[PDB]
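Quick setup: one chain, the form solved without uridine-5'-diphosphate, written in C-alpha cells, and binding and motion questions come after.
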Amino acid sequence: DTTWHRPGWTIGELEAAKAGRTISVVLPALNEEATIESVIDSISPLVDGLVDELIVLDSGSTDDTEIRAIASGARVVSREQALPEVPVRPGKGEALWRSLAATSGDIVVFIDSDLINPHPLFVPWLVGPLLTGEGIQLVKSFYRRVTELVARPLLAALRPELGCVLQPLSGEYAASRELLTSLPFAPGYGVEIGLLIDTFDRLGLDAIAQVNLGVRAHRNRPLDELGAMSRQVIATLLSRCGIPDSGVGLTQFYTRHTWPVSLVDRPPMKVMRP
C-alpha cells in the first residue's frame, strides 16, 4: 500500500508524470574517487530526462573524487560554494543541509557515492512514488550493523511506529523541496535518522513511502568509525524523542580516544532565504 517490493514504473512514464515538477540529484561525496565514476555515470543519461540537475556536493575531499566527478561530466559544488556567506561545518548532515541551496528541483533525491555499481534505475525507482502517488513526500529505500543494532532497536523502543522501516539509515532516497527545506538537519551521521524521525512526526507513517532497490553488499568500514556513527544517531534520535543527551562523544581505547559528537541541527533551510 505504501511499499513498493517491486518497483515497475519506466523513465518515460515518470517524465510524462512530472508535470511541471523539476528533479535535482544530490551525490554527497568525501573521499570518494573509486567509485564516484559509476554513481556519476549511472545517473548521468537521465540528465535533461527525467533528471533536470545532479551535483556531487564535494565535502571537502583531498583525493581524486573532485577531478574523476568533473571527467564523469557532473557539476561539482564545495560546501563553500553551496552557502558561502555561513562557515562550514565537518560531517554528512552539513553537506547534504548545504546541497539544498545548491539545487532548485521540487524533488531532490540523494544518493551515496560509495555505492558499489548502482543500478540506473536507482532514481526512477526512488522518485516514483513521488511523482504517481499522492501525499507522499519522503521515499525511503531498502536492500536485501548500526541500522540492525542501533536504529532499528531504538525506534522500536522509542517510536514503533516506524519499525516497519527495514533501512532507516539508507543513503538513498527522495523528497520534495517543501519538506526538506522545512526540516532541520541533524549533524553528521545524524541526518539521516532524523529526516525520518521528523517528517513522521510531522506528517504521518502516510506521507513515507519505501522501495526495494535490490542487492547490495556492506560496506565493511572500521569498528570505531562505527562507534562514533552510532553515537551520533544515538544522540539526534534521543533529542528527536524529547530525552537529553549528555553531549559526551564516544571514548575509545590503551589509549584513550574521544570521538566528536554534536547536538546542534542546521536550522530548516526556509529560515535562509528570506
Given for the second form:
Protein chains: 2
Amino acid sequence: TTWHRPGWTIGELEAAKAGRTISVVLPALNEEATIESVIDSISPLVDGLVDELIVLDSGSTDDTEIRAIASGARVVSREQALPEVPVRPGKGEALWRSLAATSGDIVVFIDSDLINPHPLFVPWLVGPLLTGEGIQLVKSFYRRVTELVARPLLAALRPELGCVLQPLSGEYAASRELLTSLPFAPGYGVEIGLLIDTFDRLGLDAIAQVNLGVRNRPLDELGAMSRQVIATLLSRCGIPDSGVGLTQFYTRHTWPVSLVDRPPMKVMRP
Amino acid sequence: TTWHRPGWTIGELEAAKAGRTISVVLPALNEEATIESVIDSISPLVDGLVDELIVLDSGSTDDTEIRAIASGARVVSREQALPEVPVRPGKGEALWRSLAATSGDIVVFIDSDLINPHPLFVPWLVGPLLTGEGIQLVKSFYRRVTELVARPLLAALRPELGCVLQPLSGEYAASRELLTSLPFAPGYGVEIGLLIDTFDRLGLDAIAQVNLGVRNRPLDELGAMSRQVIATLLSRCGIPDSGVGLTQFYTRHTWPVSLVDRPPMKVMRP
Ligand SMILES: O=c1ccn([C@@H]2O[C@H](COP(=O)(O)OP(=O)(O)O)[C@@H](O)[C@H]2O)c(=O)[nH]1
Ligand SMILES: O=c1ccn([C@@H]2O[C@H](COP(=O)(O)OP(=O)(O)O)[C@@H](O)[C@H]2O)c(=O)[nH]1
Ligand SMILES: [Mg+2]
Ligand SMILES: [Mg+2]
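Could you drop in the structure for the form deposited with uridine-5'-diphosphate bound? We only have the form solved without uridine-5'-diphosphate so far.
Complete assembly follows, chain above in first position.
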C-alpha cells in the first residue's frame, strides 16, 4: 500500500517500536558538500526513535569523513565493516558491508548527496514498518534512468511492479531479516535487485511506498548506471546478460559491468 | 565498416548506380515547421541521383501536406499507400506502408523533424550501398533513449552490435530486397527492429555506418518510446515481453504498447 500522506510523530513512532531497534546508514563516496546537512537532519533523532546512525564511507578522498565526524556521526570504512573480505567498488558493496556494521532490527538507507533532506524522511520511511504488519520493505517517492530504463523494464518483465513510482530510490527501509536474506547486486544495481528479490519472494504486500515530498549527474555515467541496472534486472528475471560493458563514443571507453552479487549476509555470520 | 569521412560526389554516386533506382521517404506527422527545409535540401537531387521522393503523411492535422506540396513533393497518405489494409498508429506503420508507395531499388529514410538537414545526407547514406558490395543497410551517426535504453540493452543482449553509435537513427538507407524481407515493428520500435533483424539475418557486414555531421521532446513520451523500444528489442531476442503499457504518475496514464509487427511486405505483393 501507498502513503500519499505521512503523519506519524516521532513520539508515537518511537512508542510503537516496542523493543525493535532502528539503524540508519548513509552511504557516502566523496560527498563533503552535502554530508553535514544530511547527518544534521537526522542527528536529533539519535537515542530517541533512531538508535544508531553511521556513515558508510566507500573510499572518499575528499573531506567527507572529517565533516561527518564533525557532525557527530560514526564513520565506518568498507574495510572496517568486514575486515576479512577484500573490498569491491560500487554502491551495492557498501550497502552490503553496512549490514555487518549495524545491528538495528530495522535498517534505513538514505543517500548522502541529498540537497537539504527533510528531517522527517527517516520517520516517514520507518512508518509502515512500525505500525503495519507484514511490511518488510518501504520505498520512497517524490517530486532519467528511472523513467526510461527501470520503469519501462518492469512493465515488460515484472509488470506487477509497474506501480512503483521510484524503483531506484536511494531512500528506503527494511527489516534486518529481509536484507540479510537477500543477495546484493553490485554497484548501481543494488536498489533494483532488492526490489525484485523482495517482491519475487514476499509478494507485493510486504512492500510499502511513502511520499517524501519534493526534489544531477552527466550522461557519461547514467549510461553506465543504466547498463548495471539492466544486468541486475535481466538476471533476476532469468535472462542471461552478456557480461559486456557499455562502450561510449571518437574516442572509445568501456565502463565496467558486474554479474556478481554478494551472497545474503546471513551466510557471512555463522 | 564505418565511414567517419564521406566524400563521394553526386556525379560519381549517380554514375555508380548502374541502373538501380533510389527512392526517398520522409515520414511526417505534424511537421509543418520543418518539412519544407527537409524537402528543399533534397529536391535538387531529384531526377539525378534520386529518382523518386515522397512524403509519407501519417495523418497530419496541421499544414504539413500543403507546405510539402508547395515544395514540389509527392505526398502519400497511409491510406493511399495501401488502401486495402486499415491503418495503424505509429511510425513503423508508416515506414512499412511507404514500401508499397515507392519503387526504388534503394530506399532512403529521412526524418521530417530535422533542423536544417545537410543537402549531402542522402548522398552520404547511399554511399556504401552504391560503391560497396554486400552492404544492405547503412545507419547514420552524428554530433536519451539511445544512450540509456537502446545502447545498454544491445550490450546486454546483442553485444556484437554495441558498436553502433546510433541504433535508433531516423536517417538510414537499405536495399528494397532487405526491407521487404523484414517484419516492421510498430510505432517507435521500427528502427531497432530493422537493425536487429538485419544483423541476425545478414551479419555485421551487410551493415554500414556513416558520419552525417552534427546535431527535443518531453519525458512524457520517451518513457512511452522507451517501452516500445524495449518490447521490440526483447521480442527479437526471444524474451517474452509482458504486453503491459508503461504507466505514468497523481494522476495515472497508461501509454499503449504493441507486440504486433507487420509481416514482410513481400507477402502483401503476391
Ligand atoms: O562506490 C559507491 C559507494 C557509495 N555510493 C553512495 O551511494 C549513493 C548513491 O550515489 P548516486 O547519488 O551517484 O546515485 P544516483 O541518485 O545518481 O542514481 C551516494 O550517497 C553515494 O556517495 C556510491 O554512489 N558509490
Ligand atoms: O505515427 C507517426 C508517423 C510518422 N512519424 C514520423 O517519423 C519521424 C520520427 O518521429 P520523432 O522525431 O518523434 O522520433 P524521435 O527522433 O523523437 O525519437 C518523424 O519525422 C515523424 O513525424 C511519427 O513520429 N509517428
Ligand atoms: Mg543520488
Ligand atoms: Mg526525431
